[PDB]
Each structure stands twice: as C-alpha cells, then as structure tokens.
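What follows is a single chain, given as structure tokens, in the form solved without this ligand.
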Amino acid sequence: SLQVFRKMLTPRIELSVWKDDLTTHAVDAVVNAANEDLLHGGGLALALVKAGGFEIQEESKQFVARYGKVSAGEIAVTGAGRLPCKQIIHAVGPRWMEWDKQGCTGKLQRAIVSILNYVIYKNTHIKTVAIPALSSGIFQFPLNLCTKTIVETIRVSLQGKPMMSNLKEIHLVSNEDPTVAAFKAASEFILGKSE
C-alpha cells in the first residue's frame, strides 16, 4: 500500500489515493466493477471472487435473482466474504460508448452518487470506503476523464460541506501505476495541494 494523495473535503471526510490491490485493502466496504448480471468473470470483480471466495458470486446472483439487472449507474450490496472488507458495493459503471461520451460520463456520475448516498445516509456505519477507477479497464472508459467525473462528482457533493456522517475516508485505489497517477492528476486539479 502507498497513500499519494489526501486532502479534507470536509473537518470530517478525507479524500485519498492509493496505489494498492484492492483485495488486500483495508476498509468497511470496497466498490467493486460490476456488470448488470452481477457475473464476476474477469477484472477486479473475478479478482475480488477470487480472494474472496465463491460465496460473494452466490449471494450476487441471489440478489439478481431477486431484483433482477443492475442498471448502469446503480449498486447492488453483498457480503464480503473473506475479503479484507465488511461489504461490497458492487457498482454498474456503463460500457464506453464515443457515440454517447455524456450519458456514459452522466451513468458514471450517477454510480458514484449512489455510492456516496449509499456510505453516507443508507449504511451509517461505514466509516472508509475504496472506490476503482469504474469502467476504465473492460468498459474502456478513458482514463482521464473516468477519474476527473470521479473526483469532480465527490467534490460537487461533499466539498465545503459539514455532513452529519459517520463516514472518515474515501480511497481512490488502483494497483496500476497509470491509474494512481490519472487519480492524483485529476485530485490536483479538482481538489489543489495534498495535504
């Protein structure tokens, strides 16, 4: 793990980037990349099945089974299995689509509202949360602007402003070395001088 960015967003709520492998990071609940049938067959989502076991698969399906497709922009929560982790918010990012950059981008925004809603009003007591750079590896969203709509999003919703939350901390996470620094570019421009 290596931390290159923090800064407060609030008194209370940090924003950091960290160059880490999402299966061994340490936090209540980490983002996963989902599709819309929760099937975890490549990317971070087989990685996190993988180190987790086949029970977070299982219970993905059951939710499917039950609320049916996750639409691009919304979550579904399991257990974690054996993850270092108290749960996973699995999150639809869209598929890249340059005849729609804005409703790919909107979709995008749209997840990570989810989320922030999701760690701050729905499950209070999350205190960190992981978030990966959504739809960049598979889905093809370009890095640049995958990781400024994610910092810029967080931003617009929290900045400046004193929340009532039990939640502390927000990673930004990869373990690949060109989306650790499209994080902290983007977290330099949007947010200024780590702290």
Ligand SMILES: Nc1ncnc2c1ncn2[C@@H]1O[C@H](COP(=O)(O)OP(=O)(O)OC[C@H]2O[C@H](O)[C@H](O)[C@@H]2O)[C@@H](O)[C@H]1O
Second form
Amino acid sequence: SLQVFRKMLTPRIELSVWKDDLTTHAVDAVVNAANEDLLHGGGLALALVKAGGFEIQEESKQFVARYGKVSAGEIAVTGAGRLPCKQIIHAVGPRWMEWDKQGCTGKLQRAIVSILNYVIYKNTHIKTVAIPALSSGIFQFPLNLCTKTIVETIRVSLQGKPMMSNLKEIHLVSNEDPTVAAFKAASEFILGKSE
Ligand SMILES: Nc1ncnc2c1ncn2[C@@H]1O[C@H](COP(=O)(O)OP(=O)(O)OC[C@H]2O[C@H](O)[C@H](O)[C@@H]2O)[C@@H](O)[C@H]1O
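Show the form solved in complex with this ligand, please, because up to now only the form solved without this ligand has appeared in this conversation.
To see the whole picture, the full complex is given below, headed by that same chain.
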C-alpha cells in the first residue's frame, strides 16, 4: 500500500490518496461502487464479495428485497464479512451518459454526500472511511471529471461545517495507477500541495 497525497481538510479530518487494494485496506468503513440492484457482478463489488465472503451478497440481496433498489446517489450499508473493516457502504454512482452530463455529475455529488452523511451523522463512531472513484470504471464516468467532482464535494461538505463525529481520515483509493494519479491531481488542484 502506498500513500501519495495527504492534507488536513479541516482541523480534525485528513484527506489522503492511496494506491491499494480495497479488499485488504484496513479502515472502519469501505465504500463499494455498486449498482441499483446491489448485484456485485464485476469490478470492486465482485472483489469485495470474493474477499469478504458471499454473506455480503446475501445481505445486499435482502436489503433490496426489503427496501427496494438503491437509486444513483443513494447508499445501503451492510456488514463486511471477513474484510478488515466493520461495514461496507454500498454507494450507487451514475452510469455515464454523454447527453446528461449535468444529471450524472449531480448523482455522483449526491452519492458522496450520502456517504458523508452516514459517516458523520448516522454512525458517529466511524474514524476512517475509504472511498473509490465511483462510476469511473465499468460505469465509464470520465476519470478527471469524476475525481474532481468527488474531491470538491468532500471539501464543500466538510470545510467550515461543525459536526459531532469521530471521523479523522478519508482515504481515496484505487488499485490502478491512472486513477491514483487522477485523485492526486484533483486533490492538489482543489486543496493544494501534499502536507
Ligand atoms: N480491489 C480494488 N481495490 C481498489 N480499487 C479498486 C478495486 N477494484 C476496483 N477498483 C477501483 O474501483 C473504482 C470503481 O470501479 P468499478 O468497480 O468499475 O465501479 P463503477 O462505479 O465504475 O461501476 C459499478 C458497476 O461495476 C460493477 O459491476 C458493479 O456491480 C456495478 O454494476 C475504479 O477506480 C477502480 O479502479
């Protein structure tokens, strides 16, 4: 695992960018890049189920059978099986559509806000969370726009906002060099140089 960028976002919360495998990255909560059915058939989603255990897939199915599909911009929280985290926050990013860039961007923003609301207000005991570049793989969201949107939404959601949570670290994580590089560049553009 390798940390390529870090910066205090607020006096309490540090943002960092990592090259790592989310299946072995130890944090309190890992964010999955899910679809609306929580059918974990490819990408990060499949990797999490394969490493954490099929129970993650069962809990996901039961969630949707009870509460309905998870719309883009929304979350569902499950257990994490054998993974080195306490929960999986399944976040549904938009599928990229060239004809609706503005709507897609908004859905990605909303997904980040939903993650942050869970961590800050619903489970105030989360100290660390790791977040992927939602929608930028299988969902084809352009990588630079994706990473910039994520970092800016995190910034604007937290800077100058009193809260009551134990959150100390947000990790932006990929196992692919170009995505790590895009997160690093977005972080530097929005927050300044690593410190
Ligand atoms: N093990 C991993 N560790 C770290 N980063 C990872 C890992 N696996 C993937 N990534 C990064 O994870 C990021 C997101 O990649 P994607 O998983 O394609 O998600 P999406 O939101 O675009 O597509 C969701 C759909 O794909 C699935 O079929 C779901 O079931 C949905 O149908 C990329 O930056 C990858 O580098």
